[PDB]
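Single chain ahead, by itself, as structure tokens, in the form solved without this ligand.
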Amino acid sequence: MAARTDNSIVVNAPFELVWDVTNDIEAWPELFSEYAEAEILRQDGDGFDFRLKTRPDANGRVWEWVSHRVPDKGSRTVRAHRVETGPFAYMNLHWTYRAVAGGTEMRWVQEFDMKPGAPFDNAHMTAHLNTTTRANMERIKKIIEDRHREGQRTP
């Protein structure tokens, strides 16, 4: 009934670095290939609201929306959801980090459902999100590992 994506990847670096990089919202435009802009609108208490402005998609359209995000470094997890759902009836995000043999494993899970009349149906969006998510996790993994390996020669 409800759409879902579940993707994992291991980053060959320590939790601290993996966490700090991925949770650096201001840097997402250089980390993610889809976001042109990312700014925190407000930070009240734990969670916070941020705006995302994507780059022109495969159809030349630029999207922008606001989401609420609540990072929990202590539990090594983060929860988020779109405030301006747009074509989505709702979109929930859940990231976890786990120490494993070789580095830090990142697991990103999405829970959503398209609005009746949206350009995409649950099936097609699921495929689209898996593709973009996998591409982003691989790019982020590379970036983090490079920063990590750099600090091993100064040391």
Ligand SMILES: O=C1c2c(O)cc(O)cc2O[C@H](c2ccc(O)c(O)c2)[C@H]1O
The other form holds:
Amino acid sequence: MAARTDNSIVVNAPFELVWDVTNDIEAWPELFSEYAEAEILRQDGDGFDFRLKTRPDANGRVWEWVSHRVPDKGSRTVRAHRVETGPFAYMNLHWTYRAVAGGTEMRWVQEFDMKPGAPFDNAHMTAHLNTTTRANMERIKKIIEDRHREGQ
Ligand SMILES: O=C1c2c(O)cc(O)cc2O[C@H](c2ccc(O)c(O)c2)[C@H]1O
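Show the form solved in complex with this ligand, please, the one above being the form solved without this ligand.
What follows is the entire complex, opening with the chain shown before.
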């Protein structure tokens, strides 16, 4: 009926740094391989809306959309959803951060459903997002650990 991704990775760095790096929207084009532009459009206290524009994808297509994001550092969680859904009927995001031995575990969850007629169906988009998410989490893990190394 619906689609979902659930990926985790442990970053060998303190919560504060992991949280500050991953929630720095302006740095997303450097953190995420697929994002060319990331701009915070507006903010209503608790949350904010921001625009994302991708680099050309595996098929030479550039995508662009607006999303609503609500970070809650106190609860070490982030909630977000696409306002402009594109090929998705809907797309929700949920990130959690949990302290573990030696670092911080990040768990990213995506919940969505493809619009009938989309170029990709639930099963295939799920596989695609799992691949890109895992690669991004690994890359971000490295970037954060680089920064952590430089601080000490
Ligand atoms: O190359 C792509 C791709 C793919 O090759 C296989 C697949 O199964 C799904 C896909 O979907 C990607 C995508 C499109 C619009 C978006 O808003 C988004 O977040 C991701 C796309 O770039």
